[PDB]
Amino acid sequence: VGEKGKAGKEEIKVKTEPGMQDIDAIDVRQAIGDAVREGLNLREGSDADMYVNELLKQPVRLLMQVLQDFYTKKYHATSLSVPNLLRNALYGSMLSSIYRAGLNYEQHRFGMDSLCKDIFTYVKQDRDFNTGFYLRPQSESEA
Amino acid sequence: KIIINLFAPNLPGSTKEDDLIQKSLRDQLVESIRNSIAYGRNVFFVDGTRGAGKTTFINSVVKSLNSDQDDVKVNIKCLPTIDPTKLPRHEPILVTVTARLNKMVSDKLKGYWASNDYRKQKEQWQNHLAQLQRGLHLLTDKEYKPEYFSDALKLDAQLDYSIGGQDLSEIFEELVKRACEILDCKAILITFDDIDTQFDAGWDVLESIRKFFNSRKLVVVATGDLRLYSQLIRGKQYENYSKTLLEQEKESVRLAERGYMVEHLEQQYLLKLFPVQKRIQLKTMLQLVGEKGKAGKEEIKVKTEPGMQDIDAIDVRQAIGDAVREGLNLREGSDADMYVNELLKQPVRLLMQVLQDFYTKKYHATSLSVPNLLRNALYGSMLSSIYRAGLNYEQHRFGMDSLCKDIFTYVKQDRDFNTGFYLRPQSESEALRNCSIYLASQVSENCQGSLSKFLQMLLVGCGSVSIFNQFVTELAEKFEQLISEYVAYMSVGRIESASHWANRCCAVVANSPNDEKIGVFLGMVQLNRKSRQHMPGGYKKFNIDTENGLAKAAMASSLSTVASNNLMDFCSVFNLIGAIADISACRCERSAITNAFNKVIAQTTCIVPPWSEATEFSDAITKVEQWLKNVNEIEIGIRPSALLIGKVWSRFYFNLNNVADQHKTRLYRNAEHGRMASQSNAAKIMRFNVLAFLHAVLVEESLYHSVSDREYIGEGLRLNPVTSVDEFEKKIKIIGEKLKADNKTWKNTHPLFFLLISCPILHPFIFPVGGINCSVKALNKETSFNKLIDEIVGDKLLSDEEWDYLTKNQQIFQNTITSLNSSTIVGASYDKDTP
Amino acid sequence: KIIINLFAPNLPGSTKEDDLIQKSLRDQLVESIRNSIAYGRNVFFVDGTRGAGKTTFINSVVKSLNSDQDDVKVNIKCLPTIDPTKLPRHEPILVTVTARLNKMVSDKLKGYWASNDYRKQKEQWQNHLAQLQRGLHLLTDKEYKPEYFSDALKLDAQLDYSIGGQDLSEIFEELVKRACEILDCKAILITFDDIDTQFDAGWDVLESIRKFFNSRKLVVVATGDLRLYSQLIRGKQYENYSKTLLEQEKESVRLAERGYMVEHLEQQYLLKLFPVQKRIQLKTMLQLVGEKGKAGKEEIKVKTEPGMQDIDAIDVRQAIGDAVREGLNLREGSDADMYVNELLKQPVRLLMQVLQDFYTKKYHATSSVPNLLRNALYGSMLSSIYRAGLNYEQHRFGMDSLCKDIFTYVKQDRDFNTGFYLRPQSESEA
Amino acid sequence: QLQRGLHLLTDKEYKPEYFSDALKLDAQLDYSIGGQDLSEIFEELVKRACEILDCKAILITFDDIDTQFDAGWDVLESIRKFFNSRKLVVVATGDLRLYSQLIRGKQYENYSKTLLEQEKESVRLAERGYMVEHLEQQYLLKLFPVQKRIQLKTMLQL
Ligand SMILES: Nc1ncnc2c1ncn2[C@@H]1O[C@H](COP(=O)(O)OP(=O)(O)OP(=O)(O)O)[C@@H](O)[C@H]1O
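From first to last, the protein sequence lines stand for chains G, F, E and C.
Residues 317 to 395, 411 to 474, numbered by the authors' numbering, are exactly what the first sequence covers, in order.
Residues 13 to 51, 68 to 395, 411 to 519, 526 to 663, 704 to 898, 907 to 932, numbered by the authors' numbering, are exactly what the second sequence covers, in order.
Residues 13 to 51, 68 to 395, 412 to 474, numbered by the authors' numbering, are exactly what the third sequence covers, in order.
Going by the authors' numbering, the first residue of the fourth sequence is number 159, and it counts up by one from there.
Just chain G, with the same shape it has in the complex:
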């Protein structure tokens, strides 16, 4: 798909709602973009596309199941809390990375006792106490 603009060999379009046609489909980069800027409460810019490019590098099996989970719960729930849907979608796909990093994984701990502790463990492994707490995808490890 490439960067913004055409910038790519293949024009991949994706359908995010049942009953949709081949004409009103959305770009795969944009579909990741909408799920990221709405899910992470971000605006359009370099930071949003930094997550989008990181998500695009992910394996297609991991990438589709993020898209499949996000856009199948979204349609059913709304026939909102968009960050909740993305959190559940990223919980399953990145689960093996969450387990390795030592992050809290019990779904009943999802407050800030887990969260405020979670980013301290993450930054500790990132070995970057300066810019670690932005939670940027700037690490050198896939986990």
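Where hints are given, some of them may not hold.
[What the hints assert, rightly or not] Looking from chain F toward chain G, a few residues come up when the C-beta cut is under 8 Å (computed):
hint: 1; residue: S258
hint: 2; residue: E294
hint: 3; residue: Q305
hint: 4; residue: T312
hint: 5; residue: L314
hint: 6; residue: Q315
hint: 7; residue: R807
hint: 8; residue: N809
[Stated by the list, open to error] The calculated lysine-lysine pairs, modelled on BS3-like cross-linking and capped at a C-alpha distance of 27 Å, are:
hint: 9; chain 1: E; residue 1: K114; chain 2: E; residue 2: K170
hint: 10; chain 1: F; residue 1: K389; chain 2: E; residue 2: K325
hint: 11; chain 1: E; residue 1: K214; chain 2: F; residue 2: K114
hint: 12; chain 1: E; residue 1: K214; chain 2: F; residue 2: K170
hint: 13; chain 1: E; residue 1: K35; chain 2: E; residue 2: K373
hint: 14; chain 1: E; residue 1: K271; chain 2: F; residue 2: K278
[To be verified] With the C-beta cut set under 8 Å, the calculated list includes, among others, these residues of chain F facing chain E:
hint: 15; residue: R78
hint: 16; residue: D224
hint: 17; residue: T225
hint: 18; residue: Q226
hint: 19; residue: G263
hint: 20; residue: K264
hint: 21; residue: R543
Don't read these hints as lab results, they were simulated from the structure.
Heads up, the beta-carbon is just placed ideally off N, CA and C, and yes, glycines get one too.
With chain G fixed as given, assemble chains F, E and C with the ligand onto it according to the hints.
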């Protein structure tokens, strides 16, 4: 409407409808299962930790699917749930599935009547089974026989399999297809139970699912914990590495890259088997019933009594609330509901066994000691956590001595030396979190119904860890040796008496030589045992014989000497409190009360800790005997918690820090007979040391004592009295009228403060002759202070002429201290005077 | 109220009435056992860290349930107590349970005289016995043989196995169900003894309870140190982890999460096997009689002299206080109660033997009191004397022997300041 | 009958074909439990031998295991299993530190080797040592009661 009957067996097998905790997910999974067929491997994963109710969940799913299977558009037949742990250790899963599939098919043939169709579809079934038996060795073979090549090259069948060879998945795939034709179903459900009991045998479940269960006629529902399957999958990708490569490349650079590869093959092995869009997370009991403000997504009710009506059944959070609040002697609020929330986040089996054990014995006890019921209920459930964390486990030794040791050995692992004695469920580890609610039940059980055990837990239990957060922690395996020495020196866990703890507690605050060398400490003041020159004013070496009656008794209970290169002598408030903790334990007999004043005064030798470089007395006994009469009838209605004892120590410790340093300066020449707030002496420091304890008890009694639901201090800044009395006077004044407003007495709402403010041991320390802040207008506060105290206890502490001597600028004092002001404090320079 | 005569042949078995201390707890457990079968895994744990007379309590339950079958609404036939540490190293517990179930059932068949169901049920009984023999290889097989697959598909069973295949837990539960009908009872009781001697053999007990003894006509009473089952279960969950993973992921973060995972598997294994509401704690004498601060939940009296009557009896707290105060030459007070409380925390069979060794010998002397208590303790407390390293040779007693022991006591007690008081404030039970 | 049940002592695995042998109930046995209990068959041998030999008891005498103390485990296991009869008296010699050396070695063999390798922290390692030490005493005090032990005197004591 979900009602759980605690007196029912409550087992996964013996759980009918109308009490399924997971009723929203049971319906959601079943419709999602039918949707998949009505529209490739089809695997649904029901996630959840151990004890979440995964067996109870699938057991309901099969029940809700086998009912009206033919009465719905999509017919799905379900095999009996396969438990991977209970199967033979070497029996292949494909064998178990086929064996359970054969029974379902054969039972259907016996239901047919047309022998032509019966025989037509039975020869095929027997042919497929006989072909599965022929190729079954492909799984259970440790080598490949050369004569099996003929089997792969045989085409003597009408099957005409797509791919060549003796593919076992292909044989099973048409075997399922034949079974669906016979059973007249569009799909077949293969439910797999969890592997949590023995997870090494769950690998065969995983491999079988991805190899033989790829058909469109098969629906696979497997439960368990993905945290547990990940360790199983990760440990099997490590077996794909040659042992020689692992041995020859043990250095970090290549070892870390292999670990990155294994976590990156594990990640997609789970994503291949259990797709994220099909996983279902089992909701813990907290997420169903919700919090007080958040809407409860479900409605769980509990039948806490046999024969209880459906309407009579109470809410589960209330049922846990009753057990937690009454069991821990804790009042409605944030602290009580913090324990309730933690019990809800527990695994369902653990939580449903705390309630089952508590309410079974609670009803049986009546046919009370509710904290005893919860202590036993939590002991059994959290026993695995108690063993792991090293707490006391024998039940014949439960007591105050075996509890204060547990509190110290808990905060040491918790590393929360500032608030660990609160015993809140805040520790990150689940083992320490589980012990927190069990320890809180231990504290609320032993200290309940007795004032003596309340003060022992206050000093020995809560205090010992604070006397470690300071004065011992600067010396820090060495830390575990420091712990070993400190608990052996102070003899926590085997204390002879509360007073004996205080004398040892005196040395540790003393064997830490403070700056400025002044012998004024946290809650204890050093006094000279020798006389020299250079002493101005009336200051003199302390002499016990000067005091009379209670005045002599009050110091005798407070004086504590430690044997060193020179015999230090101290007058602490811990000794005074420890003396109170000793008198309350004994009986109202006069003989036992006398020994309480004489357990330490002249028969102890407090050697310094190893971590160091080097008659009218009968009237006094009568007052204590009268007070002990009050204690034995008032302390029977006391409900102290681990939070209250932890809180009461916290304020009492903070005040002793303020009065320690705010009086380290005001030790000037004219400080004797101190009347302004800028002059202080041994009678000033000890007065506010004692008044600190009477305040910490007072302020957080109404705040936290379970006997009075309401709050009687009201709303305001809860400042504590240091070098003053208005802070204590403001609260004690405003509390009095509220009880008159509510038609309640001082003794049935604040029993702790009523007992300690009426204790004759500390009465001489409330109004010492040296310690009186009789200012131009502040004397009115103390005049009111005396009036309020005289009314609370019901007896006038000081007579009209007795009071006037303290305020107005001889007289003999049988109820107040006399010579404490004249005492010389070690390390004090009596050369600079008050400006 | 229990009243014990100290002049008797001292038979732990002949004790049936007015002499068994734990009757109050035994009746409650037996009633709980009967109530648990009215409505399913029924596993009862008789807990205790050390001593307390475990084997006699479960045997007393067997006697209470083997007798009085006519009066009770539900009658329970009890297998003889199974000692897991006194069995062949490879014999499964399922074989041991069935063999003792066969012995009970076959002996009942000889009791039949109506020779119509005598051979009708016996023929059915041997059908289940032989079928369990056929499927017994599933517990001892070191590999799976394809020839077994034909056996698992044999659907000629007349007893209608609901779930297909050879499931021993399904075969055994029908074997028990037939056994209950033959014995004219319900809910056969299986009792297990302690595994203290060799707790490696207790894992087969645990795996057999959860797998084969899950029937609703089966109630299990287990005994032993529950702290020792925890070490048994926890060590078996580490076996699930592959040896390659353990020796490759050796980081502290990876090792901690592996231990924490097993901390949770072990925790739920005990809760599933031994439910908290079903665990039974053997009450000590101090709890039964009270601390003398207030009235106790039970009153127990002792016949110090031969010929004492019902009213001519004193409380154990007084009988112990009489021995301690006279034996230790102690005055009545707080320090004398420090010894009676510890003497009341001891196992009952140990405690009443000290009383018998003291009071009865005090009679024969009448026909020094301190040596009578010393002799009474030495007879029954000798195990701790040897363990701590004190002087056990009775001919060598003296101040030279005594003062050496007292310095040896304070050396182990780690307290030289107040060690020479000899107050039972130590930590070790010895 | 004892020879029939001797395979239980020496078997590397349980053989299902002996299950039918454990169900061969007999009338002359009058055994309390019929699960082919070797400790019960041997008790009848001792009871019968006393009748034949006209003795009130039988003294089983064991020497010491100083030369090879591995062989002492079979002595301890046999004593506590088969030599519990009232008509049997057992006298065993040997260093009690050597016999305690045996049991402590065998009590550690009950622990799974994986548990010992993985849980090597001092907080858990010391807890195991407290338990194994507790297990060897209860094993020793139940095999050789303290009131029956006899200590040989040296020259100084003589
Ligand atoms: N719907 C329910 N109604 C009542 N009690 C329940 C329910 N679900 C769970 N419980 C309680 O929780 C316990 C755990 O049940 P279950 O056996 O399903 O859990 P699990 O640990 O996930 O399964 P497994 O036994 O297969 O390891 C039950 O024994 C019961 O006490």
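Now for the hints, and whether the structure bears them out:
1. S258: With a closest approach of 6 Å, the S258(F) hint holds.
2. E294: holds (6 Å)
3. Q305: holds (5 Å)
4. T312: holds (5 Å)
5. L314: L314(F) check passes; min Cβ-Cβ to chain G is 5 Å, inside 8 Å.
6. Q315: Since chain G brings a Cβ to about 6 Å from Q315(F), closer than 8 Å, the hint holds.
7. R807: Because about 27 Å separates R807(F) from the closest Cβ in chain G, which is outside the 8 Å limit, the hint is violated.
8. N809: violated (30 Å)
9. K114(E) - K170(E): The given pair, whose Cα atoms are some 24 Å apart, holds under the 27 Å limit.
10. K389(F) - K325(E): Holds, at roughly 15 Å.
11. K214(E) - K114(F): It holds: about 25 Å lies between the C-alpha atoms, which stays within 27 Å.
12. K214(E) - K170(F): violated (47 Å)
13. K35(E) - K373(E): Distance of about 18 Å is within 27 Å: holds.
14. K271(E) - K278(F): holds (16 Å)
15. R78: Holds - the Cβ of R78(F) comes within 8 Å of chain E, reaching about 4 Å at its closest.
16. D224: holds (6 Å)
17. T225: holds (7 Å)
18. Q226: Interface hint status for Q226(F): holds (6 Å vs cutoff 8 Å).
19. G263: Holds, about 3 Å.
20. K264: holds (7 Å)
21. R543: This interface hint holds because 4 Å falls under the 8 Å limit.
The structure fails to meet hints 7, 8, 12 from the earlier list, while all remaining hints are met.
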